[PDB]
Structures are given as structure tokens and as C-alpha cells.
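Chemist: Generate coordinates for the entire structure from the input sequences, incorporating the hints supplied.
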Amino acid sequence: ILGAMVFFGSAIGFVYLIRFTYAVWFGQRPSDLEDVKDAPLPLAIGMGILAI
Amino acid sequence: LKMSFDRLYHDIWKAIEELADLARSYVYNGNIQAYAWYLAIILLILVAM
Amino acid sequence: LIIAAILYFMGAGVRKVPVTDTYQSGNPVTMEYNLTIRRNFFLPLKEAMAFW
Amino acid sequence: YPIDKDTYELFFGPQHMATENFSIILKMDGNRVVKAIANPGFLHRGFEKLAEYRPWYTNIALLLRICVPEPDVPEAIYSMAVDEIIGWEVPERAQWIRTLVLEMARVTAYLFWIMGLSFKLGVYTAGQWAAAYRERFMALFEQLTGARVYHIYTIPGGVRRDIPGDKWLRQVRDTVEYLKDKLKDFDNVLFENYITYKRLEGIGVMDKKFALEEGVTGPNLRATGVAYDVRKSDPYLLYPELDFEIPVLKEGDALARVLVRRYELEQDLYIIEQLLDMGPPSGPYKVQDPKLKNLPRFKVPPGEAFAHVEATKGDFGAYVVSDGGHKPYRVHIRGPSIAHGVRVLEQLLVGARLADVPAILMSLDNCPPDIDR
Amino acid sequence: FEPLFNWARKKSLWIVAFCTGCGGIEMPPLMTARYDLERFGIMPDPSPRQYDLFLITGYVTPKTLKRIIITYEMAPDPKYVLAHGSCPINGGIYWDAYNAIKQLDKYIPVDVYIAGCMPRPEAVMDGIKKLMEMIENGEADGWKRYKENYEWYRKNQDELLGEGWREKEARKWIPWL
Amino acid sequence: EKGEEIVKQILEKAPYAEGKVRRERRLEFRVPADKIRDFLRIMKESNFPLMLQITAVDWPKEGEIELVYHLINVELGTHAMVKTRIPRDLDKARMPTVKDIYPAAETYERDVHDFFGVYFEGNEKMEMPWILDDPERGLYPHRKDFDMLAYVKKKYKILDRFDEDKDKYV
Amino acid sequence: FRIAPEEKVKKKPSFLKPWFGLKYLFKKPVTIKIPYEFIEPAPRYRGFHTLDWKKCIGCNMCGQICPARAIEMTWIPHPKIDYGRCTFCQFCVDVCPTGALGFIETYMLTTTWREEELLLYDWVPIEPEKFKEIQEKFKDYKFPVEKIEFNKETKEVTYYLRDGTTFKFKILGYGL
Amino acid sequence: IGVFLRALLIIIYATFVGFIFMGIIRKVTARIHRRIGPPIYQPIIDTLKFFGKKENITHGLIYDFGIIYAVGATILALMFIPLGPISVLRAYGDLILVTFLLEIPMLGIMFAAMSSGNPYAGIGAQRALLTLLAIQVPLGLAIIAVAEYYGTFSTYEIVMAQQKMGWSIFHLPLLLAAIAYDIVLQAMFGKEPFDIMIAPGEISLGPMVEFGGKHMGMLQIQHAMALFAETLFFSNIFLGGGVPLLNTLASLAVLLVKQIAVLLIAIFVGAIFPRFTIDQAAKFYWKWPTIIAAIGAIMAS
Ligand code: SF4
Ligand code: SF4
Ligand code: SF4
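Chains as they are written, first to last, in the deposited numbering: chain A, 413 to 464; chain B, 568 to 616; chain C, 516 to 567; chain D, 19 to 391; chain E, 7 to 183; chain F, 4 to 173; chain G, 6 to 81, 87 to 186; chain H, 2 to 244, 251 to 308.
Misleading hints may appear alongside valid ones.
[Stated by the list, open to error] Some chain H residues close to chain D (C-beta under 7 Å, calculated; not the full set):
1) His34
2) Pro120
3) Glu193
4) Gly202
5) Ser205
6) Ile279
7) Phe280
8) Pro281
9) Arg282
10) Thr284
[Unchecked claim] Taking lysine to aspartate or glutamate pairs in the EDC-like style, the calculated list, with each CA pair at most 20 Å apart, reads:
11) G:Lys162 - F:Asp163
12) D:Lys200 - D:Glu291
13) F:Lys64 - D:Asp341
14) F:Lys156 - E:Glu165
15) F:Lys102 - D:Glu364
16) E:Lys178 - C:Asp536
Derived by calculation from the structure, the hints in this document are not laboratory data.
Using N, Cα and C, we set each Cβ at its ideal position, and we do this for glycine too.
Modeler: See below:
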């Protein structure tokens, strides 16, 4: 009875991340994001450290 | 009270009763060669031992 | 992924296209059309367990 | 800059295979619809200022293409209207022939509506069967008059080619008895499964006061509480000596407007079986010899006439006015689907899910060559 | 290299189901249980990328010639349209129409014409069979004239209805939201 | 016969309603132009709910777009043809819309306004691209001031891919 | 008046009743293999035109009842029917007074994109010896003209038939 | 170097039998409503056509890598399930691995379907993800019912425990997981009752609405491997193939017969049943197959 909800949790863990990476990262861009730059370095060191 | 059990057992019996109309027409055909194929299938199982 | 790249990285014209010109049921679509969906994304999921 | 930011506008244009040829722009809200206006007229050939330039007899062949699924109901209404302004004496044989082809084109249009519904409801087997059994009706029409569809048959007086004989009239008995034994295998795929009944339940709730005053004239307001059948109310062709029974429900959701068309198929096939055992007596196929010659120069005395006839989707009328010469002054063909899937569809999709935009589109039998005219 | 793909094309022609108005009564029963096309492998799917056999079934309204040429701009290599009926040839009975577009070869490159009103599915079988015979050796068809001879079709596109449809049929709804 | 009783019952409730009864059920009558708006709901509330297409013929000799209005019955089966006569200029092409009583004329008036002439005042779906997009909306092609085969020549240069002269009439 | 049910039409949904649509897993599939099983169309299917050159009087009675305005007249004064704008309605058959415009079952006509194969649609229709191109020459039900060689300033069209006569004639002038 | 050639043997056999299995699906759905339909070697010619274009689309840098990752994941799915005795590895073919590696094709065929950017691809991904939400409620209970009935997870220690004793669609606490798998397989495939991640006709084509030449070819490869992997996972758990070359080839042949066996009952349901609204598809996989698999889960414990 407890293995079902945790497996359902892996499914619904899959689902919301698909919801995140869709309307934040793909599709068209609105015309107020043409004034944006890349990622700065000090956040990128933390990103690279956690990735490796 | 929207979830009764009178409805569910009538559902499961109507499913068995329409399966009774299902097995009537599938296995019991007028096709003579269908029964020949049934005999060849069970002979094939006797090959498989 | 290498054997998958073998069946893709074969050339024969990989010409890039813009995003604003897309399917839209075979129709013209301009830049001022909100085509990527961004509003709740899960309305049958909310209306399935609307009691919970 | 995308100026809505709330409601994405997907829209089923022509190349979609659910809608046939009319684009419905849907202001979608996530997975529902909050505003559903339609843009019809991808097919506007024009027939007001286009059928005004041909003579009176040759304006049949140009007028067939106003409704594609029924290739006899548009000619048999114009042939009924030019019958009135001249006042012919169309005999019993021509009346019987036009009756039987007006009912066999109607069962063809019902079969096409079944196939068109099943191509967008997922299940292909009820589509392939419906088109297969429509094809033998097409190959039976081809013995009689000409091509498969657009058989230019019913000239303003009578018909053009009579029956071949016992090779044909026995054949219609064969295919009608065959399809009446066949129709019990359409129920188990389209009307008895707990998918379709659970898919079309309660979607597009049409009220009782929302059908009679809206523009709806077909069999789909007959699923709402309305007692109106133009074959029963004012019989026109050899209808009064038939005694068929019409269906009326008190419902009005979408599957109410589908079961009524299934029962209409059953009773219409019973009509064609009942009409055949009568059999046509003798008579000519044309109407008159002297007032038909010099076929272009066909001066009709002035006046006007309205006719209207039952269809697969809507009791749709014609309006001919005659100036007094060899030109119809204005032939208006009222499409059945003008306020029957354009205006009533706007207040039917509001709230409905995206999966039941195509099913609602076919639960009214929307045929795009009728809105434009 | 080349005939390994050439035979592969003429066996799985995917048709896109535009169903262009009058004529979508002999487009379905062409591809159903009777006189069929899946025996030839002609499997329909409604996508403007996963097709290479467009059937311009009859007439073309200029409110549909926008949509047809937008669909025709998206099939990558082997797009070749099969004109149908008798509308694309010279205009059908709607030669007296301000709408219904006469003379379809002046707008998009037609490969093969059939005759008939409506054309019987046996005539469509003869049309596709002659299209197979044409595509065996490969016969400088459409997609090879829409590429090099684009200067003529783009001029004839822009002359009829023209002036950049991507602003006329896009801005036609944003006031009427 | 019964249609004569029906039109006699209608003529009690309206003076300007000269009713001619054709064959059995084709009850046709003409009303003045700016009086049908106070009249069509007499016809609605009596027995005729359902409204068919607002079909409008034209006349160049006497300039008037005779907008005939098709009504129908549901309890008897008759079909009214109440008709008006409004002037022919685009300045004078005015007609009050029947939307407060019939929601059937929400869409019929769009087609009769986009095809030729008439402008309907109290309606919202007027300048919508219903049908006949640009450049066909800029001139009304269904009246008798618009002739074919001199606009088609200005829209398409040749009408025959083939030979001699297949573009004239008769 | 004669309302049929009270709840007689509305049926009951059902779980496993769609398996009765599975009956045709073993019956013979109802299709026609078109290469090459022929169909044999109807004895009076509306098709192409078979004008008789000895009964035609040139009265242009057909000219005024063609709904698509393609039976335009030539001189040597017979009509050329073009199938560019023609709906096969066969109103030109029962209106021709002499009887010199028939119709025979021939509908298959496929031409390619080039103009030299598209002059094929402008034919002065030939005598009913073209019925000996529907029978006795490989009964394929196809248009037995199959190429046309127009020539500017030497206007002599040549219906190069299947194997028969080239059928040369001059065409000068059109209309009336 | 030998395990590389053996893995190449398994991937090229899975190609040249998975495409024939999809062609068998097309042939049976053709005969199910009275039509000859395509030849048996049909979708091989589909793939061979779709790699012969001269233009492509490539909307983005991720628009390529998502479906290429989908093909890599669906190849990784079939690499662990024991295709007969010839396995590149049989030490670790655990249930949770193969069960989750069927779902990762439903990422990459959709994760790169989002990069195009479309309301049709957006609402296709919307109607595809509620399946993968809803189907894992009876799927997990079927895996627990397989788990607690045996105990071991290394899938070579399951076909051994089948060929030692008993079949696996028998023994009713395990058969109630098979009916749950027989219902979840039509969704995991994309067959007609739970179709909606394909949806041909209602929506345009959902996720694969505009891909192009090469991308549809990779999709046909991925779809054939998704077919073969989920069918081989059902057969090497609930049926068991197990078992010299005249023994090995016949072992793979009777495995192929049991591949067709569940594939035969996947088609008969999957043509006489219309497409399902996704709001009811979320509601269906919690009512009937969940309580069936839950009764199986408490009878396997
Ligand atoms: S070719 Fe004939 S049938 Fe086809 S669209 Fe034109 S007029 Fe209609
Ligand atoms: S075949 Fe028909 S459309 Fe053509 S010219 Fe003759 S009557 Fe007119
Ligand atoms: S066929 Fe008839 S109408 Fe035509 S030219 Fe000959 S005689 Fe005159």
C-alpha cells in the first residue's frame, strides 16, 4: 500500500519538471527579454560545482 | 449515496452475461473449418507435449 | 547515443528555420500571437480531483 | 510582443482533418474554451452572382455543389421550385423516381456522416465500414444516372434517365435487406460502447428555448424537445403513403443529437424498403413535350417560389425569383449550416474541453460548403 | 546510394488530408475499405512535414490559397502536388467566380492533372500509377521547379493577392479579439 | 384554408399587413420598411418562432433591395415571407437589426451586409471579417452595380491556359 | 404526430460488446486490387464526347446550355469541347438536335505538367469509330488521343491515336 | 569487443523485428475493418523514406538532442531485458530500471517536441503527460505484485524461477497484475483506447505534429523500440521465455511468438474502442485497474 504512493510520487515528480521546462524555457520569447544577458560567473561557479 | 453497490453487481453480471453472448458467437460458429482449426490447434498442443 | 547519432548525423540538409513561422493548423501566425500555452497547464488534472 | 499573455489561440484551420474546411478560432484557456468565434468562407464559390448568368435548365449542374455529402438534395429542391413557378404536371413515375433517389441520397449522407464522425472520434473501424457500405450505394447510383456523386439527374421537369429495370430494382432490395441486417454491427462499435457514451455525455448542452429560435432546423433540434419534421408536417414527394415514425427526445446534450440520427437511419432504410414494394407504375420520365424545346430560350412567367426539403443536417430552402426571361433573377440556396454550427456553435463551445471540439463539430453535421453560398 | 531511396519513395507516399471543400466526398472513400490506397502504402496523416503527396482536391479560394501555399512551403524535399478534378485545369465551372482561382499552374507547381467532376477513384488510381511511373526515373517535377524558378511564381503570387499575407492575414484578428 | 384563418388572426393585430395566401401554406405579405421592427415580434409571439435566411433580392429598375424575411411555423408547417422595400444607395442602405427578438438574425445579417449594401445599426458583429476578405470587402459583389467578367479580368489577366476566347457568354 | 419512442431509441452502454465488431478478422476483405483487377463501369456512364462530323450543323444550340462555357465553336463549323472547364453534366447531349454529340464511358485521362501534354485538353471530338478504341484496342477505358501536336501558323492538329489514323485537319478561325 | 558486436546484434535485430511488428499491427488493423492494407514490410519503407529528404527544420539546439536522447533511452531499455539467452548482461535487469526506462522515451519524444513551440505540441504534451501521471498508479502495483511474489529483482533470477516451476500468468495474485499490465500497455504503447499521446485526428498529431524528415525517422525507430521493449518486458516477466544454435534460435522464436501474443490482444482492443478524453483517462486509471492491481498487491502479501 505504501509502494504505490511513492511510485506515483516518482511519476508526479516527473510531471511538474516537464511543466517547469516548458513555459520558462521553450516556445517563443516575448519582446521584453531582448534586453537580457548571459549568466554571471559567481552563480556559474556554484552551478559547475554542483554539476561536477 | 451516489456510490451504491446495487449498481456495481448489476454491472458485473451484465458483463458476464454479455460475455456469455460473446463466447456463444466466437467459439461456436457455423464455419466447419473453424472447428477443423480448433482440432489442429489442440493437436499442435499435443505436439508441444 | 553514439548509435543514435550515427542514424542522425548524416547531413542531407539540416537548414534552420525561425519559430514564428510554424504549423498553426496550416495558417499564418505572426509575432503577436500567444501560441505557447502558459495558463495553468493542467486544467483536466485540476478538474479530475476537484473534490480533493 | 505577444499581446494576450493569458489565452493561447490555437485554431483548427483547414488542414486539420477534424474540421473539414472552416476555421474556428478558439481563445483557449488552458484546456477549456472561453470564446469560440468561427471564420467560415474558405470555400466561397459564390452562387448568388454566379448562378444568375446561366439559363434555367442548365442551372442544375452548377447548383449541385452547394452541398457535397448529399448530391441529390440540392438539385431536388431547385427542381421542386421551378416546378412551381411554371406549374408542370410531373407524373407519378417521375415523382416516384425523385422520391427514391431523394431517400437513397439521404441514407448515403447518413453513412457519410457516420464515416466523418468516426474519422475524428478515433475509432477507424466504424469509419471504414461506413465508407465501404456507402460505396455500394454509390455503385448502385452509377447504374441509374451517371457518376458517383454530383449526378445531374433531376431537371426542372421530371428526371433525365429512367430505371434500367429488374436488374436494378431487385438490386436495391438486395442492398437494403443487406444493410438492414448489417446495421446491428454499427451499434456495437459506435453506439453501445462505454467509451463513446462516456465521451459525449453532457457536452454541449443545448436548451429547449435555445434551438427553435436560434436557426436550427435539422434533426439535431429534434433531439431537444421540438416536434417538427418537414417530411411529416408538409409532405412534398411520395411521402404521405409511407407512414414512418419520427424520433423526438427531451434531452439535448451531444449524444442525444447522435442517437436521433441513428434512429433516423433505421427508419429511413425502412422507408426505402417500404417504398420499393410499392413499385412504380407506368408513365413518362419527362413532363411535357411542347413546352420544353429550344432548351436555352425557356421563358418562364414571372413570380417567385420557395421550397424546402429535409436533409441530413438541416431543412434548407431555396429561393428562386423569375424576372420573366431565361435567367433566374436570383436563386438563393439557403445553406442548412448557416446558423447551425456557426452561431449556435459559438454558445456551444464555451466551457467545453478541447477533446470535444471536433466531436461537437460533427454532432451537428457541419458541412462547410453551406455557410458560404 | 540513389536507387536505395528511389524505390523507397514510391511505396510510402504519405498524403496530407486537406479535403479541399467540394471533393472531400471522393477523397475519403478513395482511402477506405473499398477501392483503396493503403495497399499502395498511401497512409494519410495531417501534418505539413510528414507528407509528400498533396491533393489539391478541386477549386482553390484565395482564402485557401494562402493556407495551401503555407502548407506547401513546409514539406522539405519530395513535395509534389497532384491536381485533381477539373478546377485546377483552366478553372472548373467556376470560371465566372471572382474567388475561385483559375489556372493553378501559375501559382504552385502542379505535377499531374486528372480529369473528372468528380473524378472517379479509378481515375485517381490511374493518376497515382502514372505518378509512380513518373517518379521511377525521376522527371524534373515540382519541388525542382519551385526552387530554381522561384522568381516567376513569387511574382505571380504577389500580383494576385500579395502584399505580404503574413501581415494581412495576421493583423486581421488582433483588433477583433 | 387554415392559413387564411391564421392570416386573418394576424391582420387583427396589425393594420399594414396585406396578406396573400398562396397554395396552402406559403403565407406571403409585404409591410412598409421601417415598420417591421415593431411587427416581427407580433409574428414571433403568435406562432412563428423559427427564422430562416434573410434573403434580399435586388432591382436596378426601381432602386430597392427588397429584403424578404423567411419565417416558418412549427405547429402547422407554414412559411411566411414578410418583405420590405428599402432604398438602394449606400447612404440610404439602412435597416434596423432584429437581434432583440430573433437570435437567428445574428449571422444572417452578417452575410447580407458583407455581400451587398445594407447596414444594420444596433449590432456588434458588423466590421468583422465574416467572409470575403480584402480586397473583396471593399466593393459589394452581389448587387447589380458589380458585373462579372470585367472585375475577373482585372483580377486575373487570362482565363484560358488554352486557346482562343473562352471568357465571354452565350 | 406519430412520435416513435418514449425511451425506445436510447440504448444502454456496454463494456465488452465492441468485440462483435471483431468478427471480420477471418472473412474475405472487401477490396478491389486495381492493378490489375478491372471494375467494368456502367453501360451509360457519363464520359467523353464522340461528335459525328456528318450530322453536325453548327447551330450552336449546345453553346448556350453548357453550364461551364466550354463548347466553343471552330471552323472546319464544329465545336471543340475542352475539359478544362467541363463538368460532364451531358446537357450538350440531349439538347443537340441532330444527335451528333454522344457520350461514351471513358473517364481515365492523366496528363503531366508540361504544356505539350496539356494541349491534350482541346480536342475536336472524333467520330464514333473511337468506340473501336474502347473495344478492340486493349480495353483500358482511357482517352484515345494521347498526344496533340498543335503548330503555329500551320494550324494542323494531329490526334495521334493509339495505333490508328493521325486524323489531320486544319483549324482556322473561332467563334461565329 | 565481443559484447559490442553482440549489442549491435541485439539493436539491429530489434530494429528488423520491431518495424515488422509495427507492420503487423498495421496489417491486423487493416484486416480488422475489411481491407488488405499495407504489405508486411511497410514501416521499413517509412523509415527509408524519411532519411531521404533534402531539407530539415531544427528549430533549436535542444530540438535535436531530445529525440536523440529518446532513441538512446529506448535502446538502453531493451539492452537489459533478457532477449532469450543472448543477453549482453543478465546480472542487473531490475524491474524499476526497465519500468522507468520506458517512460524516458515519453520524455525525449516530448522534450524535443516542446522546443518547436506550438499550441498543438503544447496541448499534445499536455495530454501526453497526464497519461504518464495516471498510468504509474496501476503500473507500480503490478511491479510490487511481481516483486513480493518472487522476491528477487535481477531479471535472470525471475525467468530462472519461471522455467524452474510454473507459468506466471497463472497463480491469481500474479494474474491480477497482468490484467493491470494488459490495460496499461495500450497507454504505454500509444494504441487506440488510451491513444492520446499520439491522437491522430482530434488534435493534429499532438507531440509529433511538426517534426520533419529525419526526426520522424528517429521517432519511428524509437516507437518500434518502445513497442519491442515494453512487449519483451511483459513477456520476460509475466510469460518467461528462457529457452547449441538450434535451441537458441527456437528459444528466440517462441519468445517472438509470445511477443506477438500480447501484441495480438493489444490490437483487438485497440481498434473497436474510440479515443479517450484525457480528463477521463486520468479518472479511469484510478478506478478499475488500480483496485484490480491493489487486490493483487494485497494477495501477493
Ligand atoms: S473539378 Fe468539378 S467537382 Fe471538383 S471542385 Fe471543380 S467543379 Fe467541383
Ligand atoms: S460536357 Fe457538360 S459541361 Fe461540358 S459542354 Fe457538354 S453539357 Fe456543357
Ligand atoms: S452538336 Fe448540336 S448544337 Fe453542337 S454544333 Fe452540332 S448540331 Fe449544333
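Chemist: Given the proposed pairing of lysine 178 of chain E with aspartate 536 of chain C, does the C-alpha separation stay at or below 20 Å?
Modeler: holds (17 Å)
Chemist: Given the hinted pair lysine 200 of chain D and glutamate 291 of chain D, is their alpha-carbon gap at most 20 Å?
Modeler: Distance ~14 Å between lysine 200 of chain D and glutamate 291 of chain D Cα, so the pair holds.
Chemist: Was the hint right that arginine 282 of chain H lines chain D, CB cutoff 7 Å?
Modeler: At about 3 Å, which falls below the 7 Å cut-off, the nearest Cβ of chain D leaves the hint on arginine 282 of chain H intact, so it holds.
Chemist: Given the hinted pair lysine 156 of chain F and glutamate 165 of chain E, is their Cα-Cα distance within 20 Å?
Modeler: holds (13 Å)
Chemist: Interface hint check: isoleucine 279 of chain H, Cβ to nearest Cβ on chain D, cutoff 7 Å. Holds or violated?
Modeler: Holds, because the Cβ-Cβ distance from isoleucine 279 of chain H to chain D comes to roughly 6 Å (cut-off 7 Å).
Chemist: So if I understand the rule, the pair passes when the alpha-carbon distance is 20 Å or less; does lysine 102 of chain F with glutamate 364 of chain D pass?
Modeler: Measuring from Cα to Cα gives roughly 16 Å; hence the hint holds.
Chemist: Would you check whether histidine 34 of chain H satisfies its interface hint, that is, whether its CB is within less than 7 Å of any CB in chain D?
Modeler: holds (4 Å)
Chemist: For the pair we were handed, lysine 64 of chain F and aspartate 341 of chain D, check the Cα-Cα distance against 20 Å.
Modeler: With a Cα-Cα distance of about 12 Å, the restraint between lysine 64 of chain F and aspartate 341 of chain D holds, given a limit of 20 Å.
Chemist: For the restraint on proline 281 of chain H, tell me whether the closest CB of chain D is nearer than 7 Å.
Modeler: For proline 281 of chain H, the interface hint holds, since the closest Cβ of chain D sits about 4 Å away, which is under 7 Å.
Chemist: Does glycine 202 of chain H meet its interface restraint, that is, does its C-beta lie within less than 7 Å of any C-beta in chain D?
Modeler: Holds: closest Cβ of chain D sits about 5 Å from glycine 202 of chain H, inside 7 Å.
Chemist: Using 7 Å as the Cβ threshold, decide whether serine 205 of chain H counts as touching chain D.
Modeler: holds (6 Å)
Chemist: So, as I understand it, the hint says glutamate 193 of chain H touches chain D; can you test that by seeing if any CB pair is closer than 7 Å?
Modeler: holds (6 Å)
Comparing the model with each earlier hint shows no violations; every hint is respected.
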